[PDB]
Amino acid sequence: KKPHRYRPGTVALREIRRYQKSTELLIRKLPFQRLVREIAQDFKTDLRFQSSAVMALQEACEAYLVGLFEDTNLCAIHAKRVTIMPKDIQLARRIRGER
Amino acid sequence: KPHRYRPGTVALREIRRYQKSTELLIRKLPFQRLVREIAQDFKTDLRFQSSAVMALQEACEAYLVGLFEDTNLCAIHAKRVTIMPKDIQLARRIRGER
Amino acid sequence: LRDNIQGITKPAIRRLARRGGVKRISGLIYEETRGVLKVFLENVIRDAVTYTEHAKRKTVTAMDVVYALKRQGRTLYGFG
Amino acid sequence: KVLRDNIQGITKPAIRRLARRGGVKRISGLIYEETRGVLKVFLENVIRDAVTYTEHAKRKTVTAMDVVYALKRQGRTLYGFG
Amino acid sequence: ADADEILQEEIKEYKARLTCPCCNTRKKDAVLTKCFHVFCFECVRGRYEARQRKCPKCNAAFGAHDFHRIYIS
Amino acid sequence: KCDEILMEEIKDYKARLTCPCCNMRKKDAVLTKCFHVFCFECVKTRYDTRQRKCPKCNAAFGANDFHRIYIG
Amino acid sequence: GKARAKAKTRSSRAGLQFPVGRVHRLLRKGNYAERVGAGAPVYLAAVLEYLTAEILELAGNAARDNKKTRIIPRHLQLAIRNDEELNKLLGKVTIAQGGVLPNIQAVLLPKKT
Amino acid sequence: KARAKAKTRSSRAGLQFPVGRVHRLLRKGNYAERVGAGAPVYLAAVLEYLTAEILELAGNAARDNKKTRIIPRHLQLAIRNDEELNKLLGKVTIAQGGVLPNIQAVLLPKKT
Amino acid sequence: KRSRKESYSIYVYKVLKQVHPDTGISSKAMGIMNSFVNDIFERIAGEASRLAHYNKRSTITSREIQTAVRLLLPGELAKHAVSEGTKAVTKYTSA
Amino acid sequence: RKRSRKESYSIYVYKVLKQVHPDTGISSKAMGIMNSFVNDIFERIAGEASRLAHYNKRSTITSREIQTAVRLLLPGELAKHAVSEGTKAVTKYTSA
DNA sequence: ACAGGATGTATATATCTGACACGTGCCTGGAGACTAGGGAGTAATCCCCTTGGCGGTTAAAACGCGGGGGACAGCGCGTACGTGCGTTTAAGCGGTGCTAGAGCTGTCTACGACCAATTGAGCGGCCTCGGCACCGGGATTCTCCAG
DNA sequence: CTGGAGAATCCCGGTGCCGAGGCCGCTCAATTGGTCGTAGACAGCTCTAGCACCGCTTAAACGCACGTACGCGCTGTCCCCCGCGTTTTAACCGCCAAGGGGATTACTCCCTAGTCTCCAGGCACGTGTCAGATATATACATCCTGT
Ligand SMILES: [Zn+2]
Ligand SMILES: [Zn+2]
Ligand SMILES: [Zn+2]
Ligand SMILES: [Zn+2]
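Protein chains in written order, with the deposited numbering: chain E, 36 to 134; chain A, 37 to 134; chain F, 22 to 101; chain B, 20 to 101; chain L, 929 to 1001; chain K, 904 to 975; chain G, 8 to 120; chain C, 9 to 120; chain H, 30 to 124; chain D, 29 to 124.
Accuracy of the hints is not assured; some may be wrong.
Claimed, not checked - List of simulated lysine-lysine pairs, DSSO-like, C-alpha gap at most 30 Å:
(1) K:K956 x D:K34
(2) C:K13 x D:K108
(3) E:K115 x F:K79
(4) F:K59 x G:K36
(5) G:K36 x A:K115
(6) A:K56 x B:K91
(7) C:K13 x F:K59
(8) B:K20 x A:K56
(9) G:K36 x H:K108
(10) H:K85 x E:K79
(11) L:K982 x K:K914
(12) B:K20 x A:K115
(13) D:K120 x C:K99
(14) D:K116 x C:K15
(15) B:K91 x H:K57
What the hints assert, rightly or not - A few chain E residues that don't get close to chain F, going by computed Cβ distances all over 10 Å:
(16) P38
(17) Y41
(18) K79
(19) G102
(20) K115
Unchecked claim - Covered stretches of chain E, as calculated for chain F (at least 3 residues, CB under 8 Å):
(21) 45 to 58
(22) 68 to 76
(23) 94 to 101
(24) 120 to 132
Simulated from the structure, these hints should not be mistaken for laboratory data. The beta-carbon is built from N, C-alpha and C at its ideal position, and this holds for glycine as well.
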């Protein structure tokens, strides 16, 4: 009786702790491989990629997106919110200088 | 009967007149004294070219104006029209200054 | 190869946000995150492909990627 | 002669004007002190780099060249001074 | 006379917290690394041998390698 | 001669709970590596000045090797 | 024999206003590479001249609508900031006496009831 | 025909890092048409000091992690836990280093 | 003797009179222009030097400058700059 | 097909590690991180010293240009300790 | 605020297993030794130009006050998102196989450095007039209260 | 919902001023024309690794149910910042004046490129073996329900 159910947020905090304690790639390797190949074929058709080049691109994108989500979370907390919304990412990117 | 403008309208007029204009918005001698104070904190018995102090004033004014633009965007993000020290801190930390 | 930006799945973006210390994520976050990731990849990959083209190579080496990242002020360690 | 507390010389209306150029409508009363602090930090960094450049050149006068190189070092390239 | 009385009072107060609260007889020479409290090494071996892994101060669990002698003097 | 012995107790007692390097204030830190006791702000200054060794045995210690201690 | 051409600047050979010779000298003394090709100063001078022409065209356009027949740093700043592509080329660059681009956030405008 | 056997400039300056390799790279990197004799010694000393600092911090992190082998995670912790070393490498990302574990205080449970 | 200094002032003015025959320029604007030209020259030349070092080339050619222009200049500006540089190099080769 | 040749700071980083942590090893990925770090800082110092020599119209890079480049690039107290180590090495090299 | 039930996490032992640390053979890149020539350190000079003071004055800062409009706490709601579960997808791992292109090597030639003579472009100084700064006055436009 | 009054701003015209631009003189660096060396383009070969496919397993993505907590709108209240007038103050301009040191020149010397020979430091490869994941087995720190 009464199956266990964690309250909304504590599981999220446990994932935060787990993924900040760990170092592996958080994006599946084959879809990111395919995405890199699509974005590359728009610049030079019939292109080949070193495997380490794709791992370097994946590391760069994971680091960039993690830092962007750090700034996004700070923007959301600034607006007295705990959820991140697209306007948070827009503000963070525009202050960082992309927009 | 005295005449008063409602708050914000004169502020908008200043925004317009200081975005149309290009002169330095900080008094020259106080900024020069601040520069010399920091420099003598770094190296004593130091001389400054006038062009060096003017270059520092342009750089500092540009940096502060950009910081206030980002701070204003932070204020608008928090559904506010006034800027607060937390807005400056958030903008600076997102820009990587903290 | 078409329409694999959704291959960067919703749970993957959630995991990236979790590493970034994000407790709650909106449902509209994922599409806009996919867009900004696409923009970032466009910039980096374009620079890497330019570096590859200069070398008269048809293979994008890891060194081209790290040079492209370094030029964008995003220096990466561990690939040369 | 030595100089003290000239950061207060960057007065409240000056910060008002700087924020007006930045398109700021309302300004909190605590903005001015934080602006003085961040301007002081920026000036410390730039002036330290310029003084280091001057010391390398065996010079005892800080030229505009030293300021320009110190700014271009910090990703804050300045035009109109050489 | 007042200065001597004050000196004796502060000496007694200093001896009060210089001593292990678990024993209150003789000086501390060790700490517990999981509760950040200072105890005496003979009290901690007494608690270790008799199989009570409870801190005398905060009741935090600790083991053999969770405490060590420290150099005061 | 009681007061002279009384004063001799003061100099010996107050020396062992004060930081041997700063020597004006009470020890409130302990190193894990060499298991010696110092004060917290001195060990913070030594870590911040990148002199991350014990003041007397020169044992290298990490950021987590030193922490607050409460002698009292 | 002493029969030789009088002079022919490499800028005029490439049809450029910018100096191919001075760009080549700056490349040599800049310690960029051990050697500098013949066409490298030509290409670099052409690129620099194109960028100069673009920014000067935009600056003159900005000066014309202010009833000014003389480009000032304000006109250059307006030209660079209006052109988002030159703006992104010179994003981390500040211009002395240029001011800022006039804009106000739409929410800061009066509600006008 | 009599001459000294060998004495590397790294050994002369008491440096582990190669003064000769740094000198060669300074000449071949097109930095100046001349490079002084003491410039590679100074640069090797600075590089060795920075290497020793980052390696000592990484080894301390590894020991606190009960690991006797340095991994990129330990290097990342060493960089991010030292503010000077962090802002020296502020615009630098480390492969497989992860992130410094932090959670914003507002995200913690309300304890209600 | 007398101090001598070089600048792109006459070149910038010739370009201006080519693009805007009846427009002037101020001393401060000319300083802005000279700083811009030196900055872009330094960026392109440094990038070309890096390309030569990466590819082990000991010389900077028009290929290095073209790659540097493609890397640094954004989008359509880079396209036009590459076209202009190629045009000038082909014109120079004939003469 | 002969064997090529590649240069690295791997053995130097290992010597420094063994003299700072005698009984601690380093992985290959961490060694790659370290080699990239050494290369990056080397090129950074060398570029700053090259620009310093160019600004002063000097044709040579001496220990003073590296001094100034370290004082500029390295932050805070890292700068002064690196200056101390560099001057120590230069003095001991000139002595011997 | 306090049990306890469950969930998750932190310590304590076998056990493989590649990766890492150490040993060997080269070999080519640093070291020794010596020359020569230019870069720069040093002494001297001189003339910008930076610093310092004094005085007028006047624009700007500082002060104080009235009030209004924005910040913030609190409330209510409703819906969007988190958590868990069953289902489905495709990622991942390994294994094979093919070959395209990275990488290296030998020719050699055609560019780039170097150098002597020179001359025309480009910079410093002069001077002038006109684009623009400034003053003033009227017309226009924006703001705000009060109907 | 505007009328109208007050205030800010734009536009028009007249006048002076200082700097933008053209001109002149000079000088030094870019040009021309050779030689010579060697950097790289260019063909050829090798073989590394990039790509493609296949199949099985299972981790993970996905779709759905359901609840809840938080994002957002509304209300009140309240107090802090804006507008504005007055007083002070010190910024700013002009002028004067001294001398500090930036900039340039001349001389010399010593420090570094360049060379040649040589050898050993470091790299590529090989190989033992041992932290180290990777399991279980056991003992605490939270999470949440419940009272
Ligand atoms: Zn006891
Ligand atoms: Zn305790
Ligand atoms: Zn102390
Ligand atoms: Zn010790």
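Going down the list of hints, with the structure as the test:
1. K:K956 x D:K34: 37 Å, violated
2. C:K13 x D:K108: Judged against 30 Å, a Cα distance of about 36 Å means the pair is violated.
3. E:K115 x F:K79: Distance of about 50 Å is beyond 30 Å: violated.
4. F:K59 x G:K36: Distance of about 41 Å is beyond 30 Å: violated.
5. G:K36 x A:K115: Violated. G:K36 to A:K115 sits at ~55 Å, over the 30 Å cutoff.
6. A:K56 x B:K91: 27 Å, holds
7. C:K13 x F:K59: 60 Å, violated
8. B:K20 x A:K56: 39 Å, violated
9. G:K36 x H:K108: 29 Å, holds
10. H:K85 x E:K79: Holds, at about 23 Å.
11. L:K982 x K:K914: Between L:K982 and K:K914 the Cα gap is close to 37 Å, so the pair fails against 30 Å, i.e. violated.
12. B:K20 x A:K115: 48 Å, violated
13. D:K120 x C:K99: Measuring from Cα to Cα gives roughly 35 Å; hence the hint is violated.
14. D:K116 x C:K15: OK: D:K116 and C:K15 at ~18 Å, within 30 Å.
15. B:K91 x H:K57: 19 Å, holds
16. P38: For E:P38, whose nearest Cβ neighbour in chain F is about 23 Å away, the distance exceeds 10 Å, so it holds.
17. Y41: Per Cβ check, E:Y41 is outside 10 Å of chain F; nearest 13 Å; holds.
18. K79: 5 Å, violated
19. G102: At about 7 Å from chain F, E:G102 fails to clear the 10 Å cut-off, so the statement is violated.
20. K115: 13 Å, holds
21. 45 to 58: Coverage by chain F holds for the segment 45 to 58 of chain E (7 residues, Cβ < 8 Å).
22. 68 to 76: holds (count 8)
23. 94 to 101: Per the Cβ count (8), the hint holds.
24. 120 to 132: Result for this restraint: holds, n = 5.
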